[PDB]
Amino acid sequence: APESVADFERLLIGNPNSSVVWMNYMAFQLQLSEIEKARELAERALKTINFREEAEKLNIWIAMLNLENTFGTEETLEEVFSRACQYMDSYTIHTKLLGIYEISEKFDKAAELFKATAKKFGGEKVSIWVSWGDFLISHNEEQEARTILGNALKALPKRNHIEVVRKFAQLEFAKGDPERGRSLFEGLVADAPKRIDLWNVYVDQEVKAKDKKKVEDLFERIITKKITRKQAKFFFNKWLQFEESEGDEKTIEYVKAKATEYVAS
Amino acid sequence: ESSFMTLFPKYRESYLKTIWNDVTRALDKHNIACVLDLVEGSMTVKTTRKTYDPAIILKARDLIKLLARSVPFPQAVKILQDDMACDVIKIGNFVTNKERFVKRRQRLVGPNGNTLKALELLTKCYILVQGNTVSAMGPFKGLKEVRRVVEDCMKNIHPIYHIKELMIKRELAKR
Amino acid sequence: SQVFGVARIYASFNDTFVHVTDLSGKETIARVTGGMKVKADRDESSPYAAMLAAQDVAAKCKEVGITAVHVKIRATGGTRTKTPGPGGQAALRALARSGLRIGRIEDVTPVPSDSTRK
Amino acid sequence: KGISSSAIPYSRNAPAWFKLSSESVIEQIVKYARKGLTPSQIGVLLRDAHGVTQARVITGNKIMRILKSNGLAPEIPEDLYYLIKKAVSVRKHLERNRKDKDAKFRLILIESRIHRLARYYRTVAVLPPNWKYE
RNA sequence: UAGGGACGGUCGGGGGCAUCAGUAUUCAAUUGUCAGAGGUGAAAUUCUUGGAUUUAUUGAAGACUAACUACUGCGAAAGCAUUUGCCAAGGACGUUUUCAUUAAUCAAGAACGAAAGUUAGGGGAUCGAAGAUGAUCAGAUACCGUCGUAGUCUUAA
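Chains as they are written, first to last, in the deposited numbering: chain RD, 1457 to 1721; chain RC, 38 to 212; chain SP, 11 to 128; chain SO, 9 to 142.
The set of hints was computed from the structure by calculation and includes no laboratory data.
Yeah, the Cβ is synthetic: ideal placement off N, Cα and C, and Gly gets one too.
Fair warning: there could be bad hints in the mix.
Stated by the list, open to error - The calculated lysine to any residue pairs, modelled on SDA-like cross-linking and capped at a C-alpha distance of 25 angstroms, are:
| no. | chain 1 | residue 1 | chain 2 | residue 2 |
| --- | --- | --- | --- | --- |
| 1 | SO | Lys-140 | RD | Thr-1504 |
| 2 | RD | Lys-1682 | RD | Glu-1717 |
| 3 | RC | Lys-87 | SP | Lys-92 |
| 4 | RD | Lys-1650 | RD | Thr-1684 |
| 5 | RD | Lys-1669 | RD | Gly-1643 |
| 6 | RC | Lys-115 | RC | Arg-144 |
| 7 | SP | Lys-92 | SP | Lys-70 |
| 8 | RC | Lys-66 | SP | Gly-109 |
| 9 | RC | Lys-192 | SP | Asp-51 |
| 10 | RD | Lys-1682 | RD | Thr-1603 |
| 11 | RC | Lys-83 | SP | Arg-111 |
| 12 | SO | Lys-140 | RD | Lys-1493 |
| 13 | RD | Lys-1493 | SO | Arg-104 |
To be verified - Here are the computed distance ranges between Cβ atoms for each label pair:
| no. | chain 1 | residue 1 | chain 2 | residue 2 | range |
| --- | --- | --- | --- | --- | --- |
| 14 | SO | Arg-73 | RD | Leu-1467 | 44 to 50 angstroms |
| 15 | SO | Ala-111 | RD | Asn-1473 | 51 to 57 angstroms |
| 16 | RD | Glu-1531 | SO | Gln-49 | 46 to 52 angstroms |
Stated by the list, open to error - Which stretches of chain RC does chain SP cover? Using the computed rule of at least three CB atoms under 8 angstroms from a CB of chain SP, they are:
| no. | stretch |
| --- | --- |
| 17 | 92-101 |
| 18 | 118-130 |
| 19 | 175-183 |
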């Protein structure tokens, strides 16, 4: 392959905008102990890429940032993010910096990047809340994760805080606490009392985390609840599929019984 | 000892020079002194040794800044009695664009001035919509009513709703 | 010869507060907020309630030892009315009438400085 | 839009205080132009320091023709060159802070103004076809 | 005294990023003091002797840029007011600089955003974020493929 300072320049005449091949050539030069020509390739990749194609420039920035996080410097990673900011939106560049810090396993730099997100993008939207929840969940403090997510949800609007709470509950069912996930699910079903979009989210999260007696019973309550025929049959069929995955034929039949009870009125 | 001061715009000096002796007679009855400076364009007011009412320097301060904010002398002197006060409503920070701002402010004024004059009659106040603020002199119930009608007029609801409910509340408090 | 408190009177609409701390403000003396002297729940912002509160404030200031008071008159401020209510004049008039010397009138109402309403 | 341009005199003559030679002007022009200087800058420096009024009056002909006859031609005409470099400067500034929509709008303007004199230069065939704005 | 481009000193609350400041508001901590304090035309829900309200010292949060602020400025319009720096840009003027008709008006198409979702009853046929399912890559909930909730539909606020 193209993996030098001569052969890569000679063989890149067909595709000068080759982002992945330029990243592989830069990593091959860095493994070949040429950090100077590696960084030269990583900086000239976005220049040999087109101007209007911002994603290729962001890929060259991520390649130089990964090379700096592996065998470079934090100043080069900040240049790579300023470069990322010179190749894209500043919040996405700082999130790429947080990802490079998480790949370099610097916990203090990861927390500082999540805090710099949770100020500006935390007052903007919920992506910084998701980033703070990701950092504190990898740090294994779900209390501080939920506190930072609630703080960023207070800083940002609250109209997407319901889906943020459902995402927090699904993440807690995935790799956190199941009682905390069920509590956040009940809080989300309280905040959306008119919408069963939190009820099906709770049922799917419990069935994903193998809480069958939770998921099928709550979905049976939702199917026999104040719903229509389609809204009852969907929840009851999902609960019956979860109950048959657990091994409960009579409960899968009683789910359809509650569906027939709620569809006829 | 106390001293306050406002500074007034240049076009007011030919009026303030005229009514200044009446200012001196309306404050020397309260035993409190005042100068106006014509070269720096200011009106200051000082508590002298013969002053036994300490609150009157605050009302004299409100008087000279009303003479700054362009309210006539016989309209302005009613601050000097106790059941009368100022309020300066701020309206500039409600809506974004200039077109809707001046249309809602002209809505606060009214066709031919009818909304503003009916509001003065109902609230027993003196109201000047001016620039991007609304000055008002009146009793404190009138100040409360004029603040709620102006701050709800900068929101979409028409102030003749408030004129209607003020007439309803007057003839509904008359039982 | 005079020893000074500070009045810290607060003439909101719907109430009047007379709260005369020492010259720092850390240590308070004789808070007699209006709506407790006489309450019909309306007259709590009235000059009569303000002068009752100021007179027994001055009684406790004289029993502690304070003979003169720097007076700070504060309206409800913020993003609201910003003008003192009916009781701010009557409170300091009653504090001056009931033997207590008055100094240094100043308005410390919170002018909101480019506030938050959008 | 405003009336802001230059006012060429009624005289097509040498200014009669201009004792300097009518060939050393051309040598000074080719000195600046092969030390690498654009023709508007040639004309304004020849005006300001080695003071000529404009060289079409004092020399035989205009200075882009002087450069072309002295073998010193530009690859691309000057107006199109400066519009190209302004477009690529604002394009590098755009591929940077992707939220400067205003600069996106004025990139639309600069490219729409590229194409006008580019197709003018194609119909005159100053620079040839198969030139398609990189 | 058509048009375009260069230069020069600039001009502007034009834009993007970063920085800095301001005092309110809200919350928390620490005191001091005690019985009430919101709010209203009156009241009430609410806050309250693990001390509220007020006062003082802080800290944190998200906004926002008071006056100055104008029949003023800038922007193609929507719009744009704290400082400083960077990134490009724009306009008027000055010009004895350059090119030489390079020009004017508007049918498709777009970036913009002032430009939206306040609470409730109801039908869900389709689609369907949220949730989950198999391979790509040191790393892939997107890519490819489906089940599937609100919503997408309606009516008043």
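Each hint, compared with the structure:
no. : hint                                          : in the structure
1   : SO:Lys-140 to RD:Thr-1504                     : 19 angstroms, holds
2   : RD:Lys-1682 to RD:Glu-1717                    : 11 angstroms, holds
3   : RC:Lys-87 to SP:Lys-92                        : 30 angstroms, violated
4   : RD:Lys-1650 to RD:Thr-1684                    : 13 angstroms, holds
5   : RD:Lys-1669 to RD:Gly-1643                    : 19 angstroms, holds
6   : RC:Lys-115 to RC:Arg-144                      : 28 angstroms, violated
7   : SP:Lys-92 to SP:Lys-70                        : 30 angstroms, violated
8   : RC:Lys-66 to SP:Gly-109                       : 24 angstroms, holds
9   : RC:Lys-192 to SP:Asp-51                       : 31 angstroms, violated
10  : RD:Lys-1682 to RD:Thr-1603                    : 33 angstroms, violated
11  : RC:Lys-83 to SP:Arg-111                       : 18 angstroms, holds
12  : SO:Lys-140 to RD:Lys-1493                     : 33 angstroms, violated
13  : RD:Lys-1493 to SO:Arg-104                     : 24 angstroms, holds
14  : SO:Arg-73 to RD:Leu-1467: 44 to 50 angstroms  : 46 angstroms, holds
15  : SO:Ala-111 to RD:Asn-1473: 51 to 57 angstroms : 23 angstroms, violated
16  : RD:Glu-1531 to SO:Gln-49: 46 to 52 angstroms  : 39 angstroms, violated
17  : 92-101                                        : holds (count 4)
18  : 118-130                                       : holds (count 7)
19  : 175-183                                       : holds (count 3)
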